[PDB]
Amino acid sequence: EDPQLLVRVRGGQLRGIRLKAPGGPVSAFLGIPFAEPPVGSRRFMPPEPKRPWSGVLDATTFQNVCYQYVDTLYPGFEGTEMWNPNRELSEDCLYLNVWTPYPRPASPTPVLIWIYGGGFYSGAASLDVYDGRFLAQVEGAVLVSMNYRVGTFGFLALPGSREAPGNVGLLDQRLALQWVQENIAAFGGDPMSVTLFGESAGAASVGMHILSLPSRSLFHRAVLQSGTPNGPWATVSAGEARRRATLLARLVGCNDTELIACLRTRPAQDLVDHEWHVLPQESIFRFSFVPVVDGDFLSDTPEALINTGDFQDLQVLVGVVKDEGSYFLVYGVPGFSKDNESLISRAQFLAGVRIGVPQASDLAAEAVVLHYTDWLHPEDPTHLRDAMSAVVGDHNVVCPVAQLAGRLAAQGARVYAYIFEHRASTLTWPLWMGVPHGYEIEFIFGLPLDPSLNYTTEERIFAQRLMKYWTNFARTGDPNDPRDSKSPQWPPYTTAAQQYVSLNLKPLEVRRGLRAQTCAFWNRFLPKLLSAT
Amino acid sequence: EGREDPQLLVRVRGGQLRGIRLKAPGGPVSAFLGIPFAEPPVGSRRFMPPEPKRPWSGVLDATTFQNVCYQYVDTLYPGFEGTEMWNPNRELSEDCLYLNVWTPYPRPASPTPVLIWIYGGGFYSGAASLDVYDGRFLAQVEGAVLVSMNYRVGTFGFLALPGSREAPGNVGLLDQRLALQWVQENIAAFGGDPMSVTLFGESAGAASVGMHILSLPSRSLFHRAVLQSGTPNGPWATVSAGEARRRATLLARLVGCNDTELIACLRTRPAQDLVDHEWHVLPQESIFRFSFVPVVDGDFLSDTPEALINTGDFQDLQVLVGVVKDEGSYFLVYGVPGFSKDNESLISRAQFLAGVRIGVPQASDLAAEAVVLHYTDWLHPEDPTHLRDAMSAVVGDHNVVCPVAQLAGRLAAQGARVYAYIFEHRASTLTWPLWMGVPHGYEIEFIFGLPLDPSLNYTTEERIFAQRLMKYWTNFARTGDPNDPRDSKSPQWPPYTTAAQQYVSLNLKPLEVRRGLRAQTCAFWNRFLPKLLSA
Ligand SMILES: NC(=O)c1cc[n+](COC[n+]2ccc(/C=N/O)cc2/C=N/O)cc1
Ligand SMILES: NC(=O)c1cc[n+](COC[n+]2ccc(/C=N/O)cc2/C=N/O)cc1
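These protein sequence lines map, in sequence, to chains B and A. In terms of the authors' numbering, the first sequence is residues 4 to 257, 265 to 543. In terms of the authors' numbering, the second sequence is residues 1 to 257, 265 to 542.
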């Protein structure tokens with residue numbers, strides 16, 4: 004019984020495991036329950052605080068992954084499987100992981116809370132890419148990551164109902180955030196320096212925590228990697244949630267109470283089986299059960315909330331990868347594949363766009379097509395493929411990010427923006443996907459520091475830079491290294507200057523305007539188009 | 001006859017002409033100026049198609065320019081050269097259907113390719129007698145037979161009650177056509193080769209050239225066309241029959257006037280009254296919109312220029328088209344608040360949004376917002392210099408660059424041999440401010456080789472450049488190809504193609520080949536904007 008690996012949290016005692024990171028040990032407390040297993044009648048329900056336990060809870064092992072669709076598009080492909088649950092699926096999955104330095108830090112340490120992505124339909128805090136050991140070891144970070152319920156389990160909302168209020172996956176996260184507040188000190192986490200970070204749906208979750216009052220007291224800073232609460236995919240209206248919940252109910256043979271009661275009776279996988287059949291359109295980058303504008307967790311739409319919010323005492327790191335959109339093309343856009351070069355035809359581009367912008371009228375879609383077509387090379391398939399990617403990325407991540415960045419900056423938030431452009435040497439996706447959604451995580455998390463992983467030493471150094479930025483950001487709300495000078499400085503993203511840095515192997519390069527023209531199209535014109543059909 | 005210069009006496013179908021031996025820098029040219037090609041479209045012939053000039057007796061003196069067609073005289077900057085050079089430089093009269101011929105002197109031995117200039121002036125102004133249209137240089141240096149005609153502008157040329165007999169529309173185009181007919185029959189008398197007739201015109205003249213390309217009966221009258229900064233397609237070069245009707249009847253009301268009764272009344276109105284009200288009939292506050300312009304009558308223009316360029320076969324056709332660096336700047340000073348020649352015209356976002364409404368007067372709120380969204384530099388959305396230049400770009404793009412783009416594209420896609428340029432050289436002599444860059448119409452003096460007149464204060468590179476441009480134009484006139492056939496030492500001007508979209512820069516530097524005529528931005532105007540108006 005290593006006394007460093009033994010912690011009394013509020014619910015009782017935990018025994019962590021001493022994990023080794025390349026530069027020394029780290030105390031990992033994995034699988035800490037932060038809620039009553041949201042099983043049985045607790046399905047679709049807000050998480051209840053975990054009841055205290057007797058003895059020493061073994062917290063040396065990752066707990067189950069929240070029940071979710073396992074991707075099957077390319078079975079056994081590292082590029083997909085690395086996101087697949089790497090633990091048993093269970094609805095009993097409300098667990099969080101805490102990595103701290105070994106020994107437990109002397110003074111309260113900034114806490115980073117990771118919220119995984121997975122389109123609100125998947126993910127697990129246990130995936131290798133979210134291994135917090137590196138940030139814990141190299142940076143002395145207390146790194147927390149929770150599981151939260153995904154898909155129907157996390158986000159089936161019958162808005163207004165008691166039994167499926169929606170947003171429970173976010174409430175899960177909130178609970179983990181509460182758990183951190185009440186408990187992290189026991190690990191030498193500073194509950195007064197908690198930085199959320201997350202990517203993609205995790206970023207959106209972070210943004211939703213930013214935009215939800217009861218969440219705001221549970222952290223001080225946020226990082227949104229490649230995802231925003233605003234935007235086309237991260238939220239649905241109450242009505243749309245109801246529609247999909249209802250549709251799923253039909254699809255599985257099921265007032266809200268009786269509908270939900272029936273849904274409660276359904277084997278987890280049945281819900282998952284029919285989860286995708288509730289999308290109004292053939293889509294990419296769209297997900298059936300996502301946070302719901304419920305008037306409750308989200309008092310208004312994220313757009314509304316980022317327009318009106320006061321974000322004075324908020325610091326935010328946001329950014330995108332170079333190819334936000336490439337990843338998604340292979341999952342429903344004809345002509346795209348990890349296997350060929352996905353050189354697509356004009357027609358496949360126009361059709362691809364209807365799938366990428368499923369909410370688009372013909373005119374909006376034409377607007378998009380006409381905007382993204384390089385008219386010097388209108389039918390060149392490389393351009394069209396890259397444009398399809400661009401469309402999907404801009405529409406879904408880049409422009410939502412720019413919007414968020416701008417709105418937060420305009421409304422007092424200190425904002426740092428980045429574009430991550432380094433394509434992992436070890437990346438199993440084809441070159442044309444460039445730097446896909448999610449492939450910065452391994453770097454932020456510091457996996458290149460694990461020599462056994464085959465990352466180049468330029469990458470190891472890069473990961474170190476990024477872990478420095480992230481944790482400096484966590485420590486201080488400023489990602490710049492004070493123990494460094496002018497190599498060069500990461501400026502706050504402002505609405506005037508619109509500065510952001512490229513994160514890649516070269517030093518920070520400050521760029522201005524995060525696809526400013528194109529985002530103007532998406533953020534300013536596109537809504538005007540559709541808001542007049 | 002007998003005591004005078006034997007090389008200035010020419011007979012044409014209507015009779016005997018005495019021209020004038022004019023001094024060009026490199027030697028003399030023959031000019032036959034103010035040759036009537038139509039019956040004065042006066043009195044009862046106002047608004048009527050031109051009738052062929054009835055033969056005259058004796059030797060018609062063709063030694064001076066004739067009347068300029070009755071027109072509005074721009075008075076925004078009185079005494080300012082930049083506006084005065086466009087201003088009529090001969091008496092304003094409805095009796096104005098006269099053309100001009102410059103030929104080498106002595107007249108060319110063998111049939112020489114004919115250049116016919118059609119001046120612009122927004123269809124409400126212009127005159128073949130402006131100094132910038134002086135054919136002497138192209139005649140002297142290039143051996144070209146240059147012909148320019150006056151055609152009726154404004155109401156007299158374009159007021160239309162479509163369907164009516166008495167104001168069928170497009171008569172100013174018909175004057176041009178009549179002058180083309182004149183060149184066909186008579187140009188050989190000057191050593192002109194009626195089988196090598198190139199039209200060229202700038203701005204409304206270019207639209208006019210385009211109209212002729214688009215109009216069957218004109219087709220047999222020329223072989224090649226140059227469209228400088230103007231196109232028959234685009235938002236200003238034509239009006240629907242309905243809109244022409246609307247403006248004609250409104251103009252009528254404005255001056256106190265069944266089509267016959269209306270026209271008859273209009274015919275009793277003094278020219279100046281018509282001119283005085285000409286500009287009050289535009290549907291919106293606007294720039295680069297002109298009240299009386301060619302009408303889609305289903306006669307001269309069998310359908311919209313858009314429709315005819317989209318579906319015509321342009322096999323036999325060589326077209327040189329192009330734009331100036333800054334097509335839009337000129338028009339900004341005449342009715343976009345904020346803009347002036349007298350200052351840097353740094354405007355505000357408000358003034359830009361306002362400008363866009365004036366610059367794209369046909370635009371719905373949504374379409375205007377698109378324009379604004381497109382042209383705003385979102386890094387510097389409030390930046391007055393960018394906004395000022397974006398305003399210019401909006402007007403230039405919308406009215407010239409993108410119409411030219413659609414035109415070049417559609418023409419190339421349909422068999423035409425298209426050569427495309429952007430003229431980027433700002434005359435060292437330009438009296439407009441620097442921000443205006445190279446405004447609309449300021450390539451003309453170079454095409455015409457004015458810089459060759461040593462007394463005109465152009466620089467030597469400008470003289471050389473004029474010569475190059477004159478070469479391009481006359482080569483294109485000769486061969487359908489602006490390139491010098493021997494001289495491959497100079498870079499080649501490739502045809503504009505839909506595939507490669509090549510055009511050249513015309514500036515002091517040797518031909519640089521560029522790709523895509525604002526391809527991205529013209530996709531907005533030519534492909535997106537129409538759709539944004541179909542709802
Ligand atoms: N719940 C379901 O049955 C289900 C869920 C998700 N998909 C598609 O998910 C594939 N996938 C997997 C991973 C990513 C994100 N990568 O960064 C994106 C995507 C899709 N984008 O449209 C199909 C069925
Ligand atoms: N009734 C008309 O069509 C009309 C009459 C007079 N103007 C005076 O316009 C000023 N102006 C005068 C000269 C030029 C071009 N000169 O080369 C361009 C412009 C701009 N027009 O919007 C315009 C339309």
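The set of hints was computed from the structure by calculation and includes no laboratory data. Heads up, a few of these hints could be off.
[What the hints assert, rightly or not] Covered stretches of chain A (chain B as the covering partner; in silico rule of three or more C-beta atoms under 8 Å from a C-beta of chain B):
#, region
1, 124-135
2, 161-169
3, 525-532
[Stated by the list, open to error] Calculated cross-link-like contacts (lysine to any residue; reagent style SDA-like; alpha-carbon spacing at most 20 Å):
#, chain 1, residue 1, chain 2, residue 2
4, B, 538, A, 535
5, B, 538, A, 523
6, A, 538, A, 240
7, A, 516, A, 485
8, B, 496, B, 534
9, A, 478, A, 506
10, A, 478, A, 534
11, B, 538, A, 23
12, A, 478, A, 93
13, B, 538, A, 537
14, B, 348, B, 543
15, B, 538, A, 27
16, B, 496, B, 463
17, B, 23, B, 13
18, A, 538, B, 369
19, A, 538, B, 486
20, A, 538, B, 507
21, A, 538, B, 380
22, B, 478, B, 26
23, B, 538, A, 502
24, A, 538, B, 542
25, B, 478, B, 538
26, A, 538, A, 385
27, B, 23, B, 39
28, A, 516, A, 471
29, A, 538, B, 26
30, A, 23, A, 470
31, B, 538, A, 369
32, B, 538, A, 385
33, A, 538, B, 520
[What the hints assert, rightly or not] Residues from chain A shown here face chain B by an in silico Cβ test under 10 Å; the list is partial:
#, residue
34, 381
35, 508
36, 518
37, 522
38, 535
39, 538
Cβ coordinates follow ideal geometry from the N, Cα and C atoms, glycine included.
Going down the list of hints, with the structure as the test:
Counting residues of the region 124-135 of chain A whose beta-carbon sits less than 8 Å from any beta-carbon of chain B gives 0, not enough to reach three: the coverage restraint is violated. Figure legend: the region 161-169 of chain A, annotated as covered by chain B; annotation inconsistent (0 residues with Cβ-Cβ distances under 8 Å, at least 3 required). Counting residues of the region 525-532 of chain A whose C-beta sits closer than 8 Å to any C-beta of chain B gives 5, which meets the bar of three, so the coverage hint holds. For a cut-off of 20 Å, the pair hint linking residue 538 of chain B to residue 535 of chain A stands: about 15 Å separates their Cα positions.
With a C-alpha separation of about 29 Å, the suggested pair residue 538 of chain B and residue 523 of chain A falls outside the 20 Å cut-off, and the hint is violated. A distance of roughly 19 Å separates the Cα atoms of residue 538 of chain A and residue 240 of chain A; the hinted pair therefore holds under the 20 Å criterion. Taking the CA atoms of residue 516 of chain A and residue 485 of chain A, the gap is near 24 Å; set against the 20 Å cutoff, the hint is violated. A threshold of 20 Å between alpha carbons decides the hint, and for residue 496 of chain B with residue 534 of chain B the separation of about 35 Å lies outside it, so the pair is violated.
Between residue 478 of chain A and residue 506 of chain A the alpha-carbon distance is near 27 Å, which puts this suggested pair outside the 20 Å criterion. At roughly 35 Å between alpha-carbon atoms, residue 478 of chain A and residue 534 of chain A are farther apart than 20 Å, so this suggested pair is violated. Simply put, residue 538 of chain B and residue 23 of chain A have alpha-carbon atoms about 62 Å apart, too far for the 20 Å limit, and the pair is violated. A threshold of 20 Å between alpha carbons decides the hint, and for residue 478 of chain A with residue 93 of chain A the separation of about 35 Å lies outside it, so the pair is violated.
For the proposed pair residue 538 of chain B and residue 537 of chain A, the alpha carbon gap of about 17 Å is at most 20 Å, so the pair holds. Restraint check for residue 348 of chain B and residue 543 of chain B: the C-alpha separation of about 35 Å exceeds 20 Å, so the hint is violated. A hinted pair counts as satisfied when its Cα atoms are at most 20 Å apart, and residue 538 of chain B with residue 27 of chain A does not qualify at roughly 63 Å. Pair hint residue 496 of chain B plus residue 463 of chain B does not hold up; C-alpha atoms about 31 Å apart against a cutoff of 20 Å.
Only pairs whose Cα atoms come within 20 Å are accepted, and residue 23 of chain B paired with residue 13 of chain B is rejected, the gap being roughly 27 Å. Between residue 538 of chain A and residue 369 of chain B the CA atoms are separated by roughly 18 Å; this keeps the pair inside 20 Å, and the hint holds. Taking the CA atoms of residue 538 of chain A and residue 486 of chain B, the gap is about 51 Å. The hint is violated against a cut of 20 Å. Only pairs whose Cα atoms come within 20 Å are accepted, and residue 538 of chain A paired with residue 507 of chain B is rejected, the gap being roughly 34 Å.
The suggested pairing of residue 538 of chain A with residue 380 of chain B holds, with an alpha-carbon distance near 11 Å, which does not exceed 20 Å. The straight-line distance between the Cα atoms of residue 478 of chain B and residue 26 of chain B is roughly 15 Å, inside the 20 Å bound, and the hint therefore holds. For a cut-off of 20 Å, the pair hint linking residue 538 of chain B to residue 502 of chain A is broken: about 40 Å separates their Cα positions. For the given pair, residue 538 of chain A sits about 14 Å from residue 542 of chain B by alpha-carbon distance, which is consistent with the 20 Å threshold.
Taking the CA atoms of residue 478 of chain B and residue 538 of chain B, the gap is near 41 Å; set against the 20 Å cutoff, the hint is violated. Distance hint between residue 538 of chain A and residue 385 of chain A is unfulfilled; the C-alpha atoms sit about 24 Å from each other, more than 20 Å. Proximity of residue 23 of chain B to residue 39 of chain B is assessed by CA-CA distance (about 30 Å); at most 20 Å being required, the pair is judged violated. Proposed proximity of residue 516 of chain A and residue 471 of chain A is supported: the alpha carbons are some 11 Å apart, at most 20 Å.
With a CA separation close to 61 Å, the supplied pair residue 538 of chain A and residue 26 of chain B exceeds the 20 Å bound. Distance hint between residue 23 of chain A and residue 470 of chain A is fulfilled; the C-alpha atoms sit about 17 Å from each other, no more than 20 Å. Distance hint between residue 538 of chain B and residue 369 of chain A is fulfilled; the C-alpha atoms sit about 19 Å from each other, no more than 20 Å. Note on residue 538 of chain B and residue 385 of chain A: the hinted pairing holds, with a Cα-Cα distance of about 17 Å set against a maximum of 20 Å.
For the suggested pair residue 538 of chain A and residue 520 of chain B, the alpha carbons sit about 38 Å apart, so the restraint of at most 20 Å is broken. At about 8 Å, the closest approach between the beta carbon of residue 381 of chain A and any beta carbon in chain B falls short of 10 Å, and the interface hint on this residue holds. Nearest Cβ of chain B to the Cβ of residue 508 of chain A: about 7 Å, under the 10 Å cut. The hint holds. Checking residue 518 of chain A against chain B: minimum C-beta separation of about 19 Å lies over 10 Å; hint violated.
Annotation: interface hint on residue 522 of chain A holds; nearest CB of chain B at approximately 6 Å, less than 10 Å. Nearest Cβ of chain B to the Cβ of residue 535 of chain A: about 5 Å, under the 10 Å cut. The hint holds. Taking 10 Å as the C-beta cut-off, the interface hint given for residue 538 of chain A holds, the closest approach to chain B being about 6 Å.
Of the numbered hints listed earlier, those contradicted by the structure are 1, 2, 5, 7, 8, 9, 10, 11, 12, 14, 15, 16, 17, 19, 20, 23, 25, 26, 27, 29, 33, 36.
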